[PDB]
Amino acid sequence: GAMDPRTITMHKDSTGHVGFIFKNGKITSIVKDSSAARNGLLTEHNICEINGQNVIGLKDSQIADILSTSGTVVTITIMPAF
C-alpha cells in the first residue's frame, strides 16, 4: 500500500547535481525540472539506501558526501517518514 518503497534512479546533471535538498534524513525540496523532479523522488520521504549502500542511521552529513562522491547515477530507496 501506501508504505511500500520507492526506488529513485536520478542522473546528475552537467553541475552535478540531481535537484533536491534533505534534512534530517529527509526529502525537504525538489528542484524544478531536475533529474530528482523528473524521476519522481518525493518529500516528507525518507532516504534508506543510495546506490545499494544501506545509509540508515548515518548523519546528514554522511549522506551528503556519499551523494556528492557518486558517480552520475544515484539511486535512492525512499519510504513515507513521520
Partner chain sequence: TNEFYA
Contents of the next structure:
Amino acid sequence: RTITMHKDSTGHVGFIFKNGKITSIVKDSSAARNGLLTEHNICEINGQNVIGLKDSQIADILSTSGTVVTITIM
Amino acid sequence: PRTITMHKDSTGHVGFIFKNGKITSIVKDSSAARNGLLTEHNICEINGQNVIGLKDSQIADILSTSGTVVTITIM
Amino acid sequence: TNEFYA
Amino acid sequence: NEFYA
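Having seen the form solved without the partner chain, please provide the structure of the form deposited with the partner chain bound.
Now the full complex is given, and it begins with the chain already shown.
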C-alpha cells in the first residue's frame, strides 16, 4: 500500500513507470529495499493524489519532491 | 572486461539504465539481470558496433533499432 | 518507449 | 537525462 523511499545521490528512488503504472524496479535501489511493487498504479505521492495525472506531471512531482518520497500504490 | 548477450522483453527492453555512455542501473527480473550485466561499466560495443564516444541518443537509437538479441561489450 | 525513470 | 534500454 504506502511505501517510503529515499532518493539516491543521483536523485532517484529506483523505478520505471508509464501510463501511471510502475513497470520495473531497479536493483539495489530504495524502491527495491522498501518493497515497491511492479504492475501497480501510482495513487498518491507525498500525500497528493496523482490518479489521472499525465506521466510528465507525475515525473515533475517526483523530481521536485525532497529526499523522502512516499508513494501509495494499488 | 566482458561480453553479455541479452534478449528484449515484451516491451522491447533488455533491462538497464545508462547515461554518459555508462551503465548506471540494472532492472530487477530483466535479461540484463539474468545475464549478469554490471553497473558502473562503460559500454564499448553493441551488436558488433563501436559505441565508445557516441552521444547517448545515438546509443539509444542503436539499441532501439537492434533486434531481439542484443550483445554488449563493457569495460 | 515513453517510459520514465524515477 | 538517463536512458532506459
